[PDB]
Amino acid sequence: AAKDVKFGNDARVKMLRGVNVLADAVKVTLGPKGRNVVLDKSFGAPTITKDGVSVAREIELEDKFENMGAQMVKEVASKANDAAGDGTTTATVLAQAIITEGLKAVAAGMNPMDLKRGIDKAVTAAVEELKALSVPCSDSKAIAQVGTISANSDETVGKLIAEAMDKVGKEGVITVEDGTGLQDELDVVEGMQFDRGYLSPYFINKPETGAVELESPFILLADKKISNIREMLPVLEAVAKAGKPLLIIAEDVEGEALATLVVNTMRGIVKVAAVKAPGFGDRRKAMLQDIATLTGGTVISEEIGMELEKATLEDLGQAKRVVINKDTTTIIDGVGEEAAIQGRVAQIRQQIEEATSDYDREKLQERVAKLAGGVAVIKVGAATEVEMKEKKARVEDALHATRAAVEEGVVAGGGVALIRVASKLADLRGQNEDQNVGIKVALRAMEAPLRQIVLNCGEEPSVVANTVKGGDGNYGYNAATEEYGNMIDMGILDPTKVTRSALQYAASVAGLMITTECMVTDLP
Amino acid sequence: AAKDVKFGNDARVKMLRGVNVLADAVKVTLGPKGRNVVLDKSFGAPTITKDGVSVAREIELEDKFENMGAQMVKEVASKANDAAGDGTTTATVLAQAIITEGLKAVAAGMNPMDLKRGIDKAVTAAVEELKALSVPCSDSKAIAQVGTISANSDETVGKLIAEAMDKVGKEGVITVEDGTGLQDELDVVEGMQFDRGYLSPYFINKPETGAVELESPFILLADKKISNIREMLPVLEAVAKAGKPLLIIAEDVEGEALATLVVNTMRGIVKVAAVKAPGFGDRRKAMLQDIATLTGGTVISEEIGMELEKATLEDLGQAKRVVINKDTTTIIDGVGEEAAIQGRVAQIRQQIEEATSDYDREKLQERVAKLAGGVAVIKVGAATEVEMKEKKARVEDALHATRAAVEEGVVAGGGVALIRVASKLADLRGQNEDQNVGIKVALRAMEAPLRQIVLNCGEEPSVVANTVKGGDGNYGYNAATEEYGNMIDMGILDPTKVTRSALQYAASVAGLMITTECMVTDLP
Amino acid sequence: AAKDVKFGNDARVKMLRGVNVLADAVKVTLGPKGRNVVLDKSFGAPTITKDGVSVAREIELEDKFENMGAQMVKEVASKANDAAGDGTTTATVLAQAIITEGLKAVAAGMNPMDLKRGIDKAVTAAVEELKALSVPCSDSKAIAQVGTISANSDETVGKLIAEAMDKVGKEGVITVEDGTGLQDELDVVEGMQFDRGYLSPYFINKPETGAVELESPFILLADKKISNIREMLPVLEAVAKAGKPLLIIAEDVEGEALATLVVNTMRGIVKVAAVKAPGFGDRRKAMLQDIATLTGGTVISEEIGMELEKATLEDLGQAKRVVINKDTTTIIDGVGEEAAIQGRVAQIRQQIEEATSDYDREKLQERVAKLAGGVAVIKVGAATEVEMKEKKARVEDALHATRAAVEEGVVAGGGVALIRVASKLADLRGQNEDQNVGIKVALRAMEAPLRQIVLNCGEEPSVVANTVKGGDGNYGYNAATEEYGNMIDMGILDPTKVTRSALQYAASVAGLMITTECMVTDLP
Ligand SMILES: [K+]
Ligand SMILES: [K+]
Ligand SMILES: [K+]
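Taken in order, these protein sequences are the chains called E, F and D. Going by PDB author numbering, the first residue of the first sequence is number 2, and it counts up by one from there. Going by PDB author numbering, the first residue of the second sequence is number 2, and it counts up by one from there. Going by PDB author numbering, the first residue of the third sequence is number 2, and it counts up by one from there.
Be a bit skeptical, because a hint or two may be false.
Which copy is meant is left open, because identical chains are indistinguishable; a pair holds if it fits in one copy or across any two.
[Said to hold, decoys possible] DSSO-like cross-link-like pairs, simulated, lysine-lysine; straight-line CA separation at most 30 Å:
id: 1; residue 1: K15; residue 2: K65
id: 2; residue 1: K321; residue 2: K42
id: 3; residue 1: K42; residue 2: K105
id: 4; residue 1: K364; residue 2: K132
Derived from the structure by calculation, the hints contain no laboratory data.
From just these sequences and the hints, can you work out the full model?
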């Protein structure tokens with residue numbers, strides 16, 4: 002179709018303009034004195050929220066170019082949240098800060114490529130400074146503390162998470178679901194989890210958590226790609242009877258078959274969910290078998306000459322429950338006999354001996370870990386469905402936060418870690434004045450978060466910023482109480498992983514925009 | 002879709018502008034000298050009314066932003082009426098008052114978060130002052146008086162309500178329906194009430210009371226979530242024959258299924274209404290059964306392996322009548338055999354012995370109380386359908402009013418309780434000048450109701466206001482007679498619950514708006 | 002339909018204007034300091050890229066005339082990439098340079114035909130100078146080096162390519178596909194490749210590479226033209242079952258039949274792709290048999306009186322994979338028995354004896370070479386699907402680059418070969434002043450690439466250009482490091498084939514435009 006093409010500066014102001022709408026709408030929620038954003042719904046009363054992620058989701062601009070700018074940082078910032086369970090808004094305000102100054106520099110005539118290189122250098126240094134600033138989270142005493150803070154000072158949640166992590170280990174898989182009534186429950190079940198998500202939304206039946214949740218579903222394990230639902234029919238009808246949902250784990254589910262599956266399940270004509278098998282190549286076939294054993298199913302591989310039409314309800318695997326993310330599938334409580342599952346572990350465990358490679362050995366250990374490890378299940382009790390649903394949410398959040406803390410530690414929150422780290426890189430330089438400016442653009446941008454928070458609090462950003470810089474370590478401003486002190490002691494922290502991610506992603510999209518010379522889009 | 006985003010002040014004036022249309026349209030009806038609002042209907046002659054709730058229902062603005070403002074206070078104020086059976090208009094004029102001054106303060110540069118905190122502090126104090134001013138309504142002599150006043154001085158209605166409350170107790174369930182002829186009847190029957198409202202309006206067939214009222218309906222008790230009307234068809238056709246309405250009580254009724262139900266019943270193609278089962282977890286499954294027993298129906302649980310398709314008219318429960326609120330479902334006169342119902346009570350009653358927990362013991366006691374307690378049924382007689390329908394309405398109102406009076410007592414009406422309470426909080430202060438202004442904003446707003454009432458009467462608001470403040474306790478102005486004196490003695494009161502609710506809800510939405518910085522809506 | 006006709010200058014500015022949008026959008030990506038171009042997608046976030054080919058694909062202008070100019074160079078420049086696996090962007094910036102000056106000359110009154118003749122003369126000389134500048138790439142030590150450079154300094158890739166070329170020879174067919182896991186595999190299998198492309202895009206299911214890729218497909222060999230899908234039905238339904246894709250190799254696939262195929266496959270209703278049988282006349286029927294034998298299929302020739310309707314799944318040929326280009330079809334790993342395939346080779350090989358004509362002998366030699374030769378298959382291993390997919394892409398690129406290097410050698414990259422060659426043709430003249438100008442127009446244009454690269458780097462083009470001219474051989478500017486030196490030594494090279502192609506194609510379309518006097522298009 003006829004396109005609308007914009008070049009250089011003309012294109013860049015459009016982008017900036019677009020990210021400014023996104024950033025301005027989202028940053029007002031930042032900090033403890035964050036404001037409310039009202040999101041209109043065609044049906045009923047508007048939604049009032051202080052959640053930057055909710056606000057960002059709703060942002061789409063009419064001007065095609067401006068919209069491209071917003072969608073660009075919007076996409077990258079979302080990754081920060083996916084990665085550490087937080088930091089989307091932060092990444093967004095950081096991106097705005099970097100992009101704004103970056104573009105000014107460009108307009109002044111400085112080289113885009115050098116500005117980007119400088120920004121990157123500054124960020125790389127900043128990330129290292131961040132690790133040095135970081136305090137470890139390893140003993141379950143600390144784990145409980147971080148969980149309590151992430152749960153809005155709910156010691157119960159911290160306790161719950163620490164207990165679960167103790168059961169299945171720090172690397173263990175931990176799941177959280179509705180409780181059966183005023184009282185939590187923690188149980189480890191035959192189970193497993195791989196890095197594959199729904200092959201399409203819509204399968205989503207839990208819009209809240211944006212996940213697919215099937216109960217007592219059959220599991221189809223097909224070592225091949227399914228493109229036409231013609232092979233499915235025989236098996237889909239057996240699943241139609243028995244009246245149970247279906248999980249399809251194949252090499253992939255494409256076109257006509259996926260399309261048909263997205264529709265039917267979206268019409269109550271049998272609940273089905275499809276996800277790619279884990280991994281690729283040979284080890285992908287080994288894992289399909291692992292799942293098989295675990296779920297007492299049978300893998301239907303073409304190699305051996307098997308056909309999906311000849312597949313019967315008995316070839317199907319089975320587990321009490323399955324949950325599917327955008328990029329995660331976790332099978333809860335398989336039917337496989339301990340005899341089977343335990344012999345499977347035994348096999349893999351012995352192959353680890355014959356392992357003639359470190360890589361090969363690790364990959365095998367990975368698999369036994371999944372089969373043998375199992376799955377921790379936290380049931381959140383509460384007395385009144387509301388309080389229960391509410392706490393369940395707080396648990397899910399604190400869990401994701403704690404997970405990250407255990408991985409990369411914690412640093413001062415409230416935007417002070419970023420400002421602290423930036424104050425330490427004053428002498429950092431690059432290969433030319435352009436890169437040096439790029440570096441300063443990044444260091445200045447690192448003050449955006451704190452400044453915004455202070456701004457939302459109605460205090461003078463430059464004064465608080467100035468003071469915090471004057472201090473050391475995790476010394477900072479507690480926006481909530483207007484008191485300076487040790488941020489960690491005052492319980493205002495962020496998993497080092499979320500701050501690191503927010504910065505890296507923000508810098509990433511900012512770098513790309515600063516180095517954009519042309520934009521192509523459809524005619525209005 | 003491309004959105005229209007507004008920030009800060011630009012957004013706030015739009016909101017204010019919108020709530021002003023709503024408030025101005027509704028407040029003219031306030032007080033005894035309230036004016037008429039003409040509401041146009043596409044068919045026939047317009048409706049002339051003095052009912053603020055009817056007027057508010059019709060308010061929707063063309064400007065998207067202004068409309069969001071109106072819809073926001075509209076939604077919160079409606080809650081006041083739901084909670085105490087009155088106070089929506091009041092909450093609305095209070096909200097306008099708080100929002101107007103609050104925004105001025107914001108424009109002057111004061112901090113929104115502090116203004117809100119101050120408003121809240123003032124309201125918290127006001128509510129406590131309201132409890133202190135309140136006169137108890139406990140003996141059935143008082144109950145009758147309050148009911149008489151709420152029924153426009155009809156001693157009969159007061160007598161009726163007092164008798165009913167005496168039968169089933171203050172906590173009892175009391176229902177009212179058309180009489181069989183010039184003479185009231187009061188009977189306690191098999192019945193129950195639980196805290197679940199319609200899963201969607203539209204099911205509403207009594208716009209007046211905003212309730213769904215089904216007669217001799219069939220009750221489907223499904224232990225599971227219904228998302229596709231495909232499972233319903235068999236049962237929906239069995240109900241199509243017989244020609245009776247249907248109540249769906251499932252774990253939930255979502256998307257496709259709900260959507261289809263909302264439509265069909267909105268086209269006379271079978272009257273249906275769906276509501277969530279009461280409670281959650283295990284106890285939700287026990288209650289579903291209680292209802293079943295009570296209605297002589299059978300629960301259709303997937304656990305036991307039952308399917309909705311294989312559900313026959315005999316599995317359905319039945320009762321002479323069911324009334325559904327925004328948050329309440331009440332089953333009147335179930336078909337369940339005393340044998341069954343009494344045996345059920347026996348079970349639960351024994352479980353209370355084996356109860357190894359205070360909590361568990363209390364929950365069981367709740368259930369027996371519901372089952373064993375039944376429901377009081379008032380049949381309003383009159384001699385001429387017209388007088389009967391009229392009096393029936395006055396009884397329903399007085400009932401809701403008295404219910405509230407019994408819960409939290411009564412205070413002077415005509416807006417004087419709010420002005421009285423405000424006059425007592427003059428020295429109330431917060432943590433800074435901004436919060437102090439917020440407090441004053443709230444105290445001033447508390448005069449809005451009275452002032453408006455006096456204004457509608459054509460008197461000088463500031464003069465009456467001033468005089469009433471000079472007095473004490475429930476001394477105030479009787480707008481109807483232009484005489485000052487004891488508001489309670491003069492029979493001009495409000496259940497303390499409705500005044501408390503109106504204030505808290507108004508303050509709630511006002512606080513949210515004052516702290517709004519961004520608004521997102523669709524492009525016109 | 003009513004047309005819009007433009008003549009002379011009015012038409013030419015429109016064209017120029019159109020190629021300027023295309024060239025300006027694409028050239029900003031050129032050097033190692035190339036900028037990003039953001040390409041909008043109706044769904045989701047925009048695409049950020051530095052790939053001139055992606056950008057060019059998206060360019061379409063609203064003005065019909067301007068659009069014709071863009072599409073014209075766009076089509077010819079694409080051929081450069083098809084021919085040598087690179088050079089599209091270059092060809093485009095060259096075309097812009099030639100067209101711009103060429104048109105100025107025309108406006109000044111110089112003869113278009115002479116200008117073109119001069120441009121061509123200069124290009125013919127330039128191409129010869131390019132062969133002379135060229136360094137050979139013959140021993141596998143060189144082949145590995147060129148592959149390593151083309152794979153971003155990944156020695157592994159060079160090694161892989163060298164090994165494969167060593168197996169099947171420099172003329173051999175080399176294929177690359179996903180690995181089975183962290184480790185490369187190289188195997189020679191039964192296969193063949195002929196010069197016939199998809200009979201229609203759309204069949205394309207790998208937009209990235211712009212190729213059709215079918216796995217375990219059935220191959221229909223029909224010696225005749227297929228114009229109506231009525232003959233297909235029986236065979237298409239046999240393929241619908243089994244659930245495998247289909248490759249139609251017939252004399253041709255026209256109208257109704259092609260139309261239907263394009264659609265159905267574009268709806269998941271069976272993946273099909275059709276291409277013309279290789280060659281023509283008699284030898285066309287011979288090769289169809291060659292393919293049949295190789296894939297264990299059966300040729301359905303009308304001559305013998307066979308009908309497509311009577312064709313069964315067994316008549317169909319089969320291979321693990323087939324890949325189709327714009328102008329190439331390559332069948333990977335056929336099912337035909339070694340016995341058959343080797344007996345066929347035996348036949349042809351004897352016919353080479355009986356050959357009574359050098360021409361006939363050569364043609365036969367070509368066929369046995371394809372049959373006997375096979376296809377090398379490179380499986381790229383990596384440990385994590387992502388790294389694997391990434392490396393696979395680098396391998397495919399390096400492969401195409403090395404193929405070209407082996408054919409015509411390598412020359413200095415970064416645009417210096419073109420500038421070097423131009424500097425050597427200063428005294429080149431034609432038959433009149435108009436041709437002489439044409440020559441200078443071309444020689445000047447040859448500086449475009451380097452100058453643009455230098456420009457994107459933020460350096461003064463004329464200065465770098467001037468210095469590089471002053472040197473000799475492959476002495477040039479390394480835009481990446483800002484250092485002058487031997488371009489080949491510094492590892493900055495281009496297969497002589499891509500530079501030659503880029504220039505000839507650019508000059509080709511430029512010559513056509515310079516000699517355009519009229520343009521006809523539809524009315525807006
Ligand atoms: K917040
Ligand atoms: K009134
Ligand atoms: K490039």
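- Query: Which numbered hints does this structure break?
  - Reply: Hint 2 alone not satisfied by this model.
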